[PDB]
Amino acid sequence: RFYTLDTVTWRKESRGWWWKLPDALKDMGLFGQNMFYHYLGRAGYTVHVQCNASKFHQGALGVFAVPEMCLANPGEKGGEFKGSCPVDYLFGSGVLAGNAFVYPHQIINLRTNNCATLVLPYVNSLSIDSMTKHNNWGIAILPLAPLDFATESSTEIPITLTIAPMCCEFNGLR
Amino acid sequence: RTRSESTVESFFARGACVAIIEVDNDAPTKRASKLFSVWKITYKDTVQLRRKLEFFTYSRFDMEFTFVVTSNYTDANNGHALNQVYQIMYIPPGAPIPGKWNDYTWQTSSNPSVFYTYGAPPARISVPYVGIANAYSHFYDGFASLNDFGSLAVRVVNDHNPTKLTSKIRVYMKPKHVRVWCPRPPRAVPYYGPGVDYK
Amino acid sequence: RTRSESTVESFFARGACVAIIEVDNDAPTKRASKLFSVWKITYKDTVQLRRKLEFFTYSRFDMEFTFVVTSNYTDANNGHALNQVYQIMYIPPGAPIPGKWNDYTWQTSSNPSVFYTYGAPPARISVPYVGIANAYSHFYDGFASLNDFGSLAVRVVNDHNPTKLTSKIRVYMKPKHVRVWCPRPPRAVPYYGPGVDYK
Amino acid sequence: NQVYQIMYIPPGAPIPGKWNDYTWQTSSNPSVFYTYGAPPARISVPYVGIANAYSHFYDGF
Amino acid sequence: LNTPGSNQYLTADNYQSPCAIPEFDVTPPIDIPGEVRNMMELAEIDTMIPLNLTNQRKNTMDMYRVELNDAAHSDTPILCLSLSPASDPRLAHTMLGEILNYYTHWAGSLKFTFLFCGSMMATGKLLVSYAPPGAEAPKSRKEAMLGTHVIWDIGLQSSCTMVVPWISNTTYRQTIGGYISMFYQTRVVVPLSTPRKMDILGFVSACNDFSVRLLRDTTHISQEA
Amino acid sequence: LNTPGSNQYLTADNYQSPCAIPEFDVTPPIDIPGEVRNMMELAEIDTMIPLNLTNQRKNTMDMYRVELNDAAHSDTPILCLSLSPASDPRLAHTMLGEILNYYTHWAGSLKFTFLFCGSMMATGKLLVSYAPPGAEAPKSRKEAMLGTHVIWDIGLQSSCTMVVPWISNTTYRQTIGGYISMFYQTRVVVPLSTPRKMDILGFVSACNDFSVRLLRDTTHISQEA
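Chains as they are written, first to last, in the authors' numbering: chain B, 62 to 133, 148 to 159, 174 to 263; chain A, 70 to 212, 232 to 287; chain A', 70 to 212, 232 to 287; chain A'', 152 to 212; chain C, 5 to 180, 187 to 235; chain C', 5 to 180, 187 to 235. A prime marks a further copy of an entry chain.
It should be emphasised that the hints constitute simulated quantities derived from the structure, not laboratory data.
Here are the in silico distance ranges between beta carbons for each label pair: (1) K143(C) with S73(A'): 41 to 47 Å; (2) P165(A') with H230(C): 35 to 41 Å; (3) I166(A) with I166(A''): 37 to 43 Å; (4) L202(C) with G90(B): 57 to 63 Å; (5) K287(A) with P201(C'): 43 to 49 Å.
A few chain A' residues that don't get close to chain A, going by computed Cβ distances all over 10 Å: (6) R70; (7) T71; (8) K109; (9) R129; (10) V154; (11) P181; (12) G200; (13) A202.
Here a beta-carbon is modelled for each residue, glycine too, at the ideal position from N, C-alpha and C.
Please model the complete structure; the sequences and the hints are all you need to start from.
Below is the structure:
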């Protein structure tokens, strides 16, 4: 099934948001219960990002799938980047944001599309590993372009993140 | 794409100095007379190799170690000394680390060791993949940067000599059969510590 | 079962130091000036090899001996000495044991011997199965722990030199073609003597 | 016994200025270590030119 | 040029050596019973577990058994075993533990066999539960019932064999994985004047899939320095 | 006779070495996603260009974009790029620049992709011109029109991709080749209250014919002496 996280709001001063997997799904119903009840597990992820923006809204969003997104565990809500709490242009690892495109990524340009999809295969140094104390994948959404809108209405654009597990395997029931 | 000299093997399999080991023989006189130092094998001591390896998340490679030993007479007029013999022992991961010159760890019951004679061609050993996982993990987000790799210890096995000698061992590590996975962007800030902290 | 690194050959065929031999050259001055010591080849001097062999009752293996010689100048300002030559002789079981430096046993009429030159690569010899029975007996209940194995003797064959030199010979024994029979439980108490006595 | 380090600097690489500088780490510069008394060191350098052939004469800028 | 590995003795070296006694009449081998090819032969042999390690029952014969009938007993684990053969003192001294002490890493399943030694007329039931790795050992009969468990009957059946599967993220784990605990089920019932102090014995052995790598030295008996 | 190359360690040497741990149970590899054979894989990946390097817009997020609608604008190059990926600061920090920093020589074509992020209702035209090597970058719209150029329409089309061909007398040139400049064509027209401060993004990547030789050391992060 598809599990929808809490909706974040895009502002004109937002520095970006980041999430960790399967950390964000630890309390997401059946999948969270299974990952909590088993010592070892393996499952892929399908990431869908929806931007509820009108035709008069400006800006771009950069969704990056970073394996082993080490930062120099909020859960469902994740965290936000810091302008000067990881640094947005340093990508949380002292690396210029321009080179962050090496990871699998999608670009959400409000003038062309309002949604994007990503396929995240299982990535780890082991065939099977614990689903609780290890973060297999990380989702980072960055404001590649500042948010702007007509001086008519609205101030915050809602952003919906939906993650659906796939190829789920579980062993070591406890 | 295509073309040689740009492959992963060509990019990574290059010899470079990674460690310097200081050893003594006898007659401390006024110094601590360190007979061994022991060095944990890691790629964090060289910025170039560290940056090359940080380009990817998971990697597999074999390590070839070359040891160059240069001896020096501390006093020019101590007298001719007998030819020095050096013992270089590879400590596998999980094995005890030597703490004394004449402890049980130097008996080479299960620790590979090579004896080098001064004037001979430099010693060379090959260490295969000694990792516990299926690939070395340069990044780990959870509760793996210390990817084992064992350690190296060098000591002097010569008898008690009145003369004072100091020897320096240069360790060169050349990766072999390098395979990489999950490309990562290059580091853009100077390194501070063994982690990913930035200032 | 199955899988490598757990076989009998892998378990037993590992190099380890089993004996240290002290030799002199000339000029006793105030010491006994031991020119030879002679060592009976046995596995009771090393606890690890002894414990490994005690796991079984009967065993067959060939012994590979590696000798590492390190010389030392007792006085730092005696002067440069000529390069030392060492004679390592293997004494087969039942052969007389040398008692003097210049006795008849050192003529190598039937005792295998190897001459080692200082600075050369360490000497290496191979001793095949020299047992009298069909297999070595680690236990014997009746009226066989001394399974022959011969003995090793090392001496200095250099002429009379005024300078004083001391050399240490490290003997490494690596069993080869190891076959075992009649498994036995591991030893649970510290060893006291060459028998099976416990306290 | 003396040990000598002979390092080949490829074209375009920095020239060493100090005994213990970074250029002597042999990160990408080929190097050979020679021990006194050993047979003389020998290395082979292939064609390292930028053009298709070495130019002994050049009339221009 | 003198480089490491040239003209130097290596511990893990392998070349041909000169023969000290060429053309020696080596005694031909004979078919001695008990020939063994691999060290894993010893790990698959059943070994009595020292189980009840106590201050009275240490370095003696009473430690190998646990009395199975008290007056009013309890709803607490009578005995608990940890799945760490190279670390648990109850399993370090066994044959499997001694074998594992020589190897840093290990893999494969394990086999535990329990048999009780009493009268044929004794009747009762026992609960044997296996705790998955990362889970605390049960402190009560209900907690043991909540997980994987079997019912052992005291009667015609006198032995119970359980196999612990290989559950680890890595292929091999260090010799530095769950719990096995037993609980009373209903009671132990004996007829007229039948002894009410029968005893049980535990055995541990390795399975056919057992394997080890990276041979190391042993801890027991070390004086050389 | 002692000669160089004999009994001496060579940095670019290649022979067989003695095995420190013979018969070691090496863990078999697994199909880890993202296997890469050659370093040229990273050079073909699009990388955002730091474009507008300014004192306010340095080491930050605003540098990656250039505002595309001023009040009265100008007939001057809004942005200019030099075909020196290993020398231009706007391209040295990109993935292609980092890859080229490790190699003295380089060859092959280059790919530049430009996309602007604004409203769907914004309409306009832009002029993108490529200056041949050895020619000064145009200082006006007419000068850009005199050379190779394309017309980029602001509207349904939102991305423009241009490929710079390999133009060099030698097979490989040192990492120590023309200019790319953009010009306003007519104007930027927006409807009622539509934001007039939309932004553009630039990307640079290598083509399939890219190749490098004579690997060297990198300049970034050097403290060892």
